[PDB]
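Please read through the structure below; I'll follow up with questions.
Only a single protein chain was left out; the remaining protein chains are all shown in position.
Letters are used for the chains, namely A, B and C, taken in the order the chains are written, and counting of residues starts over at 1 for each.
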Amino acid sequence: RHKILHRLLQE
Amino acid sequence: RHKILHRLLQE
Amino acid sequence: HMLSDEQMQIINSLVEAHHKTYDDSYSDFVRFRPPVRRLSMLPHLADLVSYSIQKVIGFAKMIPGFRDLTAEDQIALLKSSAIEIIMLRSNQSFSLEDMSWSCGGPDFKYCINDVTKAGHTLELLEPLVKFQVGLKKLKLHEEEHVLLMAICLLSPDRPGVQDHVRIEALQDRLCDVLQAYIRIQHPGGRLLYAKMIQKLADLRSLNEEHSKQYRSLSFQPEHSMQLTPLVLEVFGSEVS
Partner (left out) sequence: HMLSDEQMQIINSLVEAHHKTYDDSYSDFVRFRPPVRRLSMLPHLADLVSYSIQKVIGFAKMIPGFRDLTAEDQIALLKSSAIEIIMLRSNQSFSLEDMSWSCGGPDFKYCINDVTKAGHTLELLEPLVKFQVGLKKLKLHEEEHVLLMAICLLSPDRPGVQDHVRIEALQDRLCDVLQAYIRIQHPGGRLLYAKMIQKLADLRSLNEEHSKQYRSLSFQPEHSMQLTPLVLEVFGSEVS
């Protein structure tokens, strides 16, 4: 779930 | 599932 | 009174965060699907909102304490507040002379009629323009504009939020630096804080109306197919 959101929120 | 595909395949 | 070193550092971090994420040249707008003036403005405005979501995420990551929240709380906060932060940051391009968002050239100048060409009705566009006019007339210092966006993002009263206590402590501290800032640095600002807090309530109402309008286009697959994957994730109803 929220694949793009998780990636953009990394580091 | 395949929301866009079902719509584009209609009529 | 005088504001402290901690409150000064918060201000510096938030204005730096905004300068790093808001591009005053609007130079990336040439990369979106071009504006066309059925739903001729939807491709361009979907790309504009998708781009703006990316900037809101970038901004949020730089707010002191936001990165320390769980990924689930960061996601709950962004899904509920993204459209409200987009409406707030858009005020920087809004022109009182034109009643339109002016992003450089005539190609990237958006009026009420251009936005109705993306599927929106006057039920949203009339309060949206009234809000933009009202916000613009407040003549907010950049420090106040960035604090308002951070206060809006760190609102604990959103669906799906877990660490309510932590998020409220972050928002309260931001509200304290805003009140202190207005009182010490904004001449004739005695009624301003109350006015900015009211704009947050206007935003809840706009978010409601926007959710209805978004549901109307997202339920029509011929229109939802024109959106981007990031818009579908963030404005979508999935729960983490």
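Operating definition for what follows: contacts are C-beta pairs under 8 Å (C-beta built on N, C-alpha and C of every residue); 3 or more make two chains touch, one makes a residue touch a chain.
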- prompt: Given the contact definition stated above, which residue among C:13, C:224 or C:240 touches the chain not shown here?
  reply: C:224
Statement: Missing-chain contacts on chain B, rising order, are 1-6, 8-9
- request: In the full complex, which bits of chain C touch the chain not displayed? Write them out.
  value: 30-34, 36, 43, 47, 224-225, 227-230, 232
Task: Touching the hidden chain in the full complex, which residues of chain A are there? Just list them.
output: 3-4, 6-8
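Rule of thumb we're sticking to: only the chains that are shown with their structure count from here on.
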Statement: Chain centres from averaged Cα atoms put chain A and chain C apart, in whole Å, by 19
Query: CA centre of chain A versus CA centre of chain B: separation in Å?
result: 28
Task: Identify all positions of chain C at which a residue touches two or more other chains, and write them in rising order.
output: none
